[PDB]
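Q: This is what each chain is made of:
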Amino acid sequence: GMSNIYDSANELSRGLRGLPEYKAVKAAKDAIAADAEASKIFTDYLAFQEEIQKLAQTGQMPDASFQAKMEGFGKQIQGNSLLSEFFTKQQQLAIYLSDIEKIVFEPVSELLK
Amino acid sequence: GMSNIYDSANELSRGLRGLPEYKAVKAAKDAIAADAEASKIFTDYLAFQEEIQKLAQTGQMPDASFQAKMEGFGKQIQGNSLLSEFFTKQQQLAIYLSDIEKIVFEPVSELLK
Amino acid sequence: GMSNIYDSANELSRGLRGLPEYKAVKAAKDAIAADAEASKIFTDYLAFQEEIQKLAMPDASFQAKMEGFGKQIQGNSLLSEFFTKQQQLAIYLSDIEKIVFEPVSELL
Amino acid sequence: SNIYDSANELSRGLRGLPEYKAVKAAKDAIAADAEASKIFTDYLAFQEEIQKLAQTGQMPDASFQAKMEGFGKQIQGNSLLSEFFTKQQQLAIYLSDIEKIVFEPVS
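Protein chains in written order, with the entry's author numbering: chain B, 0 to 112; chain D, 0 to 112; chain A, 0 to 55, 60 to 111; chain C, 2 to 108.
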């Protein structure tokens, strides 16, 4: 009953970790970590995440510094094979997980109505 | 392959629907839709929640007005037994839902944190 | 042009710090800092702020916890003095912000 | 030297900044061009999106990074947008300082 929920959650989990797209993102993270150059840009993009929370108090007008700074980081990612691999594999996975979400939480949607 | 992932996602939703906890929130939510006044407080509460979580991106505490508002909603909830039955029962369902979140969906998102 | 902006800015800054409403709030926050009991409730309440992020259906757990801190606040005089005063100040500040940034508003 | 007087004096100084004047000029020009205006409107909708994405703790994904990259190209390829985004950086320093100096010591 409760066991059903956790049995199915576990096998759904295992199944997703078996996807070539999961394998690829994880291997890609490991390759960023082994690479000085990739790793440094990743760590800085990570640190840039809080500048995005700044934005959303200080953001009625378009923030030109932010634009340039985010765009800069973008171009660094595109020019680094390890980083663009990570983000494109991550994106493919999040696409697939989003359709699984829809199935899994349909009984909850039924409760918002 | 992606077939068996879908089978597992479909099986997990069934389990959710099999939870007595799920069953109890569904009965509570319907009893609220039958009542025109519990619906209005419920509707009003939901808009108040989304007001609260707009403070999520300012990192500011809820002030005396939000506190005053929540006191009000809390009196309305406790003195309306359709509302109080739903709130008590949603808490019990909530644990399962956040467990599913945790086991299945959060890991892909964490790739970005 | 620039010096002007910076002088007016200084003047307004010192003016706001000299408002009785600003002082009332600073004195009330200091009183919390000096009361071991209020200090802890306040700290706890600060820590509940990461839970309104997690607020990413009505969350019953959240309403109860939030309702709970509200009552802890109304039950503590130092806390209920801080929040009341802080609100009075917030209305001034917001008035002033409207004036100062009206030229930016026109840009939107 | 009361607060309303200082706050009014301060906003009039803003109006007087060449940096302000240069941003108003570039916003109005943009207002009068359908091309530039829709990108502006879209960019702003996208800022909102970044802002809401923000609070999740995540990095912007490949898709957000690509949206940003698209807008970058559009701003750099459109003259009225280039003028605005450049003049906005310069004004931003003054707006920030006012925030820093006036408001955060009482908030």
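One thing to keep in mind: the hints can contain errors.
[As the list claims (entries may be wrong)] Here are the simulated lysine-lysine pairs, DSS-like style, with alpha carbons at most 30 Å apart:
hint: 1; chain 1: C; residue 1: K25; chain 2: C; residue 2: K39
hint: 2; chain 1: B; residue 1: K74; chain 2: B; residue 2: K112
hint: 3; chain 1: D; residue 1: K53; chain 2: C; residue 2: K68
hint: 4; chain 1: A; residue 1: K22; chain 2: A; residue 2: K39
hint: 5; chain 1: D; residue 1: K39; chain 2: A; residue 2: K101
hint: 6; chain 1: A; residue 1: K22; chain 2: C; residue 2: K101
hint: 7; chain 1: C; residue 1: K25; chain 2: B; residue 2: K28
hint: 8; chain 1: D; residue 1: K53; chain 2: B; residue 2: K112
hint: 9; chain 1: D; residue 1: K112; chain 2: D; residue 2: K74
hint: 10; chain 1: D; residue 1: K68; chain 2: A; residue 2: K28
hint: 11; chain 1: C; residue 1: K28; chain 2: C; residue 2: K68
hint: 12; chain 1: B; residue 1: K39; chain 2: B; residue 2: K53
[As the list claims (entries may be wrong)] Pairwise CB distance ranges (calculated):
hint: 13; chain 1: A; residue 1: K22; chain 2: B; residue 2: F47; range: 34 to 40 Å
hint: 14; chain 1: D; residue 1: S38; chain 2: B; residue 2: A32; range: 33 to 39 Å
hint: 15; chain 1: B; residue 1: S108; chain 2: C; residue 2: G58; range: 23 to 29 Å
hint: 16; chain 1: C; residue 1: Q77; chain 2: D; residue 2: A33; range: 56 to 62 Å
hint: 17; chain 1: B; residue 1: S64; chain 2: C; residue 2: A26; range: 50 to 56 Å
hint: 18; chain 1: A; residue 1: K68; chain 2: C; residue 2: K74; range: 26 to 32 Å
hint: 19; chain 1: D; residue 1: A33; chain 2: A; residue 2: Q48; range: 36 to 42 Å
[Said to hold, decoys possible] Short, incomplete list of chain B residues facing chain C, as computed with Cβ under 10 Å:
hint: 20; residue: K25
hint: 21; residue: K28
hint: 22; residue: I31
hint: 23; residue: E70
hint: 24; residue: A93
In short, the hints are calculated from the structure, not lab data.
Ideal placement from N, C-alpha and C gives every residue a C-beta, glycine not left out.
Q: With 10 Å as the cut and Cβ atoms as the points, is B/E70 at the interface with chain C?
A: 4 Å, holds
Q: Within a Cα-Cα threshold of 30 Å, do C/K28 and C/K68 meet the stated pairing?
A: Distance ~22 Å between C/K28 and C/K68 Cα, so the pair holds.
Q: Under 10 Å is the threshold here; is the Cβ of B/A93 close enough to any Cβ of chain C for the hint to stand?
A: 7 Å, holds
Q: B/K74 and B/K112 were given as a pair; does the straight-line alpha-carbon distance stay at or below 30 Å?
A: 43 Å, violated
Q: Can you let me know if the beta-carbon spacing of B/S108 and C/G58 is within 23 to 29 Å?
A: 25 Å, holds
Q: Using the beta carbons of B/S64 and C/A26, state whether their distance is inside 50 to 56 Å or not.
A: 20 Å, violated
Q: Range first: 33 to 39 Å. Now tell me if the beta carbons of D/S38 and B/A32 are that far apart.
A: 52 Å, violated
Q: Would the hint linking D/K39 and A/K101 be met if the CA-CA limit is 30 Å?
A: This hinted pair is violated, its Cα atoms lying about 34 Å apart.
Q: Check the hint pairing A/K22 with A/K39 against an upper bound of 30 Å on the C-alpha distance.
A: Since the Cα atoms of A/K22 and A/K39 sit roughly 22 Å apart, the hinted pair holds (cutoff 30 Å).
Q: Taking only the CA atoms, is the gap from D/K112 to D/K74 under or equal to 30 Å?
A: Status violated; Cα separation ~38 Å.
Q: Is 34 to 40 Å a correct range for the gap between the Cβ atoms of A/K22 and B/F47?
A: For A/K22 and B/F47 the Cβ distance comes to about 38 Å; the hint holds.
Q: Measure nothing beyond the straight line between the CA atoms of D/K68 and A/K28; if it is 30 Å or shorter, mark the hint as holding.
A: Holds - the C-alpha atoms of A/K28 and D/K68 are around 23 Å apart, at most 30 Å.
The structure shown violates the earlier hints numbered 2, 5, 7, 9, 14, 17, 18, 20, 21, 22.
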